[PDB]
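Only one chain is shown below, in structure tokens, and it's the form solved without this ligand.
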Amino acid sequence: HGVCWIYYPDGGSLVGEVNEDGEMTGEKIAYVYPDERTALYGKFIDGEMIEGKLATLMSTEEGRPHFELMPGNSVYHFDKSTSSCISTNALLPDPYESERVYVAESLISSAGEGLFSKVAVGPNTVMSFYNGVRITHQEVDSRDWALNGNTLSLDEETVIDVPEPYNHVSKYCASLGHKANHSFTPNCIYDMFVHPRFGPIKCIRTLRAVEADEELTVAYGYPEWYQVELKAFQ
């Protein structure tokens, strides 16, 4: 009858009072990220974010959360990608990701840019989000492989991709998961994540403790560069 909290397996959650229909609808609903501190507070309808403003979960009393809005005017809303549209605001960064990772030249030779941690964190920490356009496995497997550098399977029916133009931070920085390079001794894994803005996607989660400024890597789990590194690793 009072405040309800719906946690997702990934650690994120929706919190607020449910209307007479038992649905997350109102101007005071919020999505709280896995750090249980960063939140998007505002207008939600049936659990879907219409207008969320960056805020901080200051504390909770008997399940009732106390939020404090962060200075600024950036607004966020459910903006699930389509087969051709990656985002309504490609240059609006995700606030949780912004405080945890950054892009820089990779430490891996001839590997282009990489993703690095901004902070020291422990095992199982969500660090970045892998958002992108949604296409079928047939389109990916049928088309020229040279176009599958940023493809990541989401589930049995969808593959996420960050198409050429958008692989440049100057054109797209809403999420940065596609910047993590491959390693056979990775410190992260791709994991399912229910994002309030991106919807069902995958995230980059640490497998263990990582230090500030350490490069984040994941095992792609499969190109020539990969074969070369595999032989070297072996």
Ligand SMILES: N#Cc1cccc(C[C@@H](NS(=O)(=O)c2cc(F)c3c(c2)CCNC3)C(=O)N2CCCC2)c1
Second form
2 protein chains.
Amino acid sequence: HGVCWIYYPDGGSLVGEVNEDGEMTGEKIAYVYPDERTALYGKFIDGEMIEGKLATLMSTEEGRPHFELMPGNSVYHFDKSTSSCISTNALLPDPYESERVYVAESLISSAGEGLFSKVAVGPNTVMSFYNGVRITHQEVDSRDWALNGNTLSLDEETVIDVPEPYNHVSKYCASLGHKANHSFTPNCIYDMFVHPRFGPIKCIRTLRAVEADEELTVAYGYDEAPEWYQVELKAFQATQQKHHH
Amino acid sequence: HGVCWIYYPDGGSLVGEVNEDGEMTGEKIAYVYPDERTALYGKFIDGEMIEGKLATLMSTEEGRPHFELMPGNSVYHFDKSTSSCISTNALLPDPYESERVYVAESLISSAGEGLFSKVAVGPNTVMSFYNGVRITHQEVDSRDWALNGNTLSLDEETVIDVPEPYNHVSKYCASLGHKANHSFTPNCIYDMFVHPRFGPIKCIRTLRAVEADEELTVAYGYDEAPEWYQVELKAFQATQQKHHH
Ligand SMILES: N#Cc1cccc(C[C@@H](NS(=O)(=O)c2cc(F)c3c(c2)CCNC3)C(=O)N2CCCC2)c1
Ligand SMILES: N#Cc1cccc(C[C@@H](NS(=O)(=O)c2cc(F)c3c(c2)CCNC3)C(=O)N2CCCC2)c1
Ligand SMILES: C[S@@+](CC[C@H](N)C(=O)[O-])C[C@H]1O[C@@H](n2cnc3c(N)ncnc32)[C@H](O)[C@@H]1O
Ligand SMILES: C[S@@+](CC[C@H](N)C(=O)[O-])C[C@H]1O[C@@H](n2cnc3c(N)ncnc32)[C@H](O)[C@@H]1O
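Can I have the other form now, the form solved in complex with this ligand, not the form solved without this ligand?
Below is the entire complex, every chain and molecule, led by the chain shown above.
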């Protein structure tokens, strides 16, 4: 039997025997996260996750992976957001993300909640996912800008948003990327991600080695900006040491 | 007459009328730096700079550039380093770099000289060039590691080095990239660059908007490291604020 591995730029992969028609369809197909260990294994149709059970990639022999199911009954399916629906299981967390990050009070004064590393990781490590409702740039630009705290550009056409009430973990915790605060000295970046549950979204990826319990921060893309950002920029600029002539 | 623009990934370009044979050969060819304004204009042979005089790209009309020579008699040619020769005019500075950076005492204690921004720039701006002698990785790895303070990897085969006495500006100042110190909170990165004088080298490019007289720093690529780096890493790690459980 002939196995295909399709790796995404982000390091994740779809792996399985293609059927007679060349489609990734069957009962023993898997998505493997970028750690090359955490997997969602089970029923897929044309590469789409129907019933992916939490599993571990234990070994591979001549391209053929061996998966072992994790204890419990964690199971996932393709559940792309719409403009109006964020998730059909908003409180079901992502298992890869849950091992790597947690939400707590931000270390930045008055900045609400932030996102923190649960464990030590090296540079270029995917930590968290930024999923949300899919809206147009035109819709974001034309509406009240007070509504645009969590609007992250996906591409030239699409913005990913986490609107009220989903910006609270008691209502939405399937992904947690929207909890990372801004810093001008960030330790993470936003990057593209192809997720088996969320579809094409963005992720948070480290820029350096990060120790456990550090806050994860990203430099936000303003280039008008919110007042808190204007204030922090002026303060950052004043803080920088300079050569004196 | 038919003009060709060849842009490099770094934003610089070669521009000129191709000759009957399709080669970038003639007396009116130019290299234009990534600012799309600073240019080296004159005699090129098959895309190679023979006599490039300092000039400004003033305008373009239907692909045809108009250059105006700068005052003075600044002129440059292709002068790729060897394993043993860094430059045939080591003290002739790069004109683009000279407008953007200067060397002074580093703001990092006991870290010698550093590299500083001369002017305010936005993110993703090329500031400085990292040229030097071209040696193999095998040569760098096998020799005394005390000789490897300025060794920057160019590719899988080649390392760029600025050995003694060329690490002093009184002996070498054609490029200044080797003056940028390390930081775990850098404001620049190393990037690839195709230079008309130096050939394929690396550059220093900003990661954020940088104000005038800020020190330019990059996160060095260790991933054994020098003792100063081990010491600074432990100190950086201890300095980071953490969430407390
Ligand atoms: N312009 C703009 C703009 C509008 C809203 C939000 C932002 C910040 C956004 N910058 S963005 O590049 O993703 C962006 C987000 C957007 F919603 C839009 C634009 C750009 C372009 C203009 N149209 C809307 C960012 O980095 N964020 C917000 C969530 C946490 C981090 C920028
Ligand atoms: N390993 C290693 C190594 C050896 C020497 C220097 C460095 C640091 C180098 N890191 S490197 O990725 O460019 C590098 C530079 C190297 F010379 C070598 C390697 C890697 C791989 C091993 N072979 C040699 C760097 O970022 N520098 C030095 C000049 C100022 C910034 C790393
Ligand atoms: C993507 S959310 C980040 C998580 C948010 N702090 C929370 O509690 O849900 C972006 C919002 O966080 C706040 N924020 C992010 N970075 C900040 C910073 N550096 N300083 C102050 N507020 C910040 C602003 O309210 C902004 O609209
Ligand atoms: C590429 S050179 C940088 C310029 C150098 N400081 C000079 O004066 O020429 C690298 C050398 O600078 C020093 N250096 C760079 N960053 C440092 C740092 N953060 N702390 C201490 N020394 C540093 C080390 O001596 C290292 O070998």
